[PDB]
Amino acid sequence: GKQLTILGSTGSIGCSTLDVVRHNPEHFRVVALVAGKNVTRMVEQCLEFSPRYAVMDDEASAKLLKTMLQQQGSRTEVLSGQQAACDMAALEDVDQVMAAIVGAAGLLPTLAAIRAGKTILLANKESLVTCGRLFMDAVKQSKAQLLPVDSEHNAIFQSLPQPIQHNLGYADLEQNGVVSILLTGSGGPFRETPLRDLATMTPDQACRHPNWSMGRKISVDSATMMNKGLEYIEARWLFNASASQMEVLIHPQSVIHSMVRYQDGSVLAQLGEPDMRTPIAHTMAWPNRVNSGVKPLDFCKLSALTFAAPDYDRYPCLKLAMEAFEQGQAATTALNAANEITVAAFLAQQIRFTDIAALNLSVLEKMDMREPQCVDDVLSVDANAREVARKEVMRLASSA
């Protein structure tokens, strides 16, 4: 029975990983659940999995759950604050920690797990996008095992040889016969759209997606391919890949989740349904397998699988992400931050769809790059890029 702490349990990934536990009760034991304010969900999960501890980052939210679970006859101890969240990730008896908390938060909670040398089911982008170098140095030193939950990175992991999986980010690709990592993406809803028309696309149009049913922020990132840009930054740190060892491909049907090109010409790939329980269950059971409740892929009910090379004129955000990587963590962190601001501004109809790539670029052009030396430095670059971006949005919505 693997002991696990779930960081961000009430979210989509959180509830999904919990469903995998349901399907395999004798395989996993929930030791701790961590969340933000969604007391309701927390209550249900605690009542179902009898966690030893439960924490909410919000003091108030924590008080309600504190008593709500008291009366419910629950014997789970309720705590609160980041400090507590971080302790849950470092519990002596916990084997794995699902790091599903997003944004700047979750950075310290995930780092806490890495420093405790635990197995980390990496389900957040912030870690590698903003602290790529710092986190990979920490995992190497603390000997923690990273197991990527993100569909693409997970497909890549499953398609890699054992020696790289066990020394992720440290092992050399070439020495292990890998020539490159093939990062795949759908290309979004504007894959065919004339370039001239991108500037007038609306939020509803941008958030139009077939495959995965993600939120609006991620749907837009998929339309600009900033999402793939961020996964590119992540992949290089995670798999120890140079620019020439990375290949980005458009695969509209999203059946293949990503692949790995080898020395003898072999290309290994992972295919599946657009259901996160698969990659989640894979990381949870690794190196073994477990039922995830996901229905088997029916090859007789598929659209023809196609591929294409992305055009940077169409996806400038993709190229921006690639360039930001060469500039360091300050750059990628700033790009990520600006993008959060611009996508939100676009969604609020304050700027055009094409203003996202334009403002993201402009923010990076004005930032004073100073490579962070710890997460606190990273957080400062984030806050600073976030402010620079808000002003560009206001400057654009006002007069400029």
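Numbering follows the first chain given and starts at 1. Definition used throughout: the rigid core is the maximal C-alpha set that superposes within 1.5 Å between two forms. Compared with the form deposited in another entry:
- Summarising the superposition on the core between these two forms, the listed residues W286, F190, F325, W237 contain exactly one with a Cα shift of 2 Å or larger, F190.
- With the core held fixed between these two forms, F353 has its Cα displaced by at least 2 Å.
- Superposed on the core, the two forms barely differ at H23: its CA moves less than 2 Å between these two forms.
- Once both forms are fitted on their rigid core, the CA atom of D95 lies less than 2 Å apart between these two forms.
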Given for the second form:
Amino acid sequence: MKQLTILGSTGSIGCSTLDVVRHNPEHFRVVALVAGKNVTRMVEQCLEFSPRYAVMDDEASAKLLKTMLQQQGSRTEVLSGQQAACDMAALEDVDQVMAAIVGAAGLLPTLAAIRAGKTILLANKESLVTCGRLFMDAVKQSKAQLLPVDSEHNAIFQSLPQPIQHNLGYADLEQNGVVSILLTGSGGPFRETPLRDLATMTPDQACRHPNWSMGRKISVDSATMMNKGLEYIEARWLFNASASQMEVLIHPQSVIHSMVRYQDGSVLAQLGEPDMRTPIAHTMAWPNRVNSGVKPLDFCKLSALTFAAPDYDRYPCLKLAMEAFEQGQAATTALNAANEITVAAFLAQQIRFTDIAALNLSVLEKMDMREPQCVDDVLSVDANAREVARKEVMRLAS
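What about the form deposited in another entry, after the form deposited in one PDB entry?
One chain, no partners, no other molecules: that is all that follows.
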């Protein structure tokens, strides 16, 4: 049996992860749950799975949680704060850490798991994007194995040969017959929206993905295709790919999750229902397999699968992220930090949908800072670009 600490257990991926455990009691046991403010969800999960520990990031939420748990007679002890999260990710009995906190806030707890040599089920993409080579150095230095959870990177992982799978980010693609990595695809809920209508799209409209049920941040990133930009940066670190070995493709139907080109013409791909339990269960069981709760993909009830090239006028964010990689880690760290702030601003109805890409570009220009040489510098650049992002948000606020 394998034992998990789940970071961000109350989110969409954390809930999908717990459902995989729920469908496989004899293979998986949850030792610790870690979240932020969602008390009702955490108390559902603590009473159900009886974890040893439960962390809420915010102190007042931990108090409410302990009151309900101690009333029912639960054995789950409640802690709080960032360091508690880091300690839960480094427990001796833990075999796997589902890194599924949203944004760069999940960096430090995820790095604690990596320093303790845990198997990292990596979903929290903003952490790798913002930390870059320093994240990959930390994994190599320790005894830790990265298993990508993100639909796209998991699909690519499953379509890569074993020398790559067993030396992720350090193996050579060309030596193993890989020409490029094909990153798909959805294109968001405003794919077919007229360009001049994009600015009037509300948060509720941006969070209604046709195929995916996700958190709010990641759903807005799907709409702007900043998600694909962040996954592009991430894929280059995860799979040791250069700009010329990367491709980006819109696939509206979200059936194909991503692909890998090979020298002989072959393209290996992962397919299935647009449902995160599948890739989550891939990593939890790898190199074996388990049932995830997802039913078999019925090919006779599908929409015709199409592909199209991404239009940078429709998706200014994609361009921002792809060029931020060429600009370096300071700009990338600054971009991700800015995108976190502007997406939050958009959801709070402070700015318009298309203001996300305008203000993101603005923050990047106003940032002038040295390339991070350590994790502290990564957080200093992140903190400083958030300050700038907030100022710009208020420059477009009613």
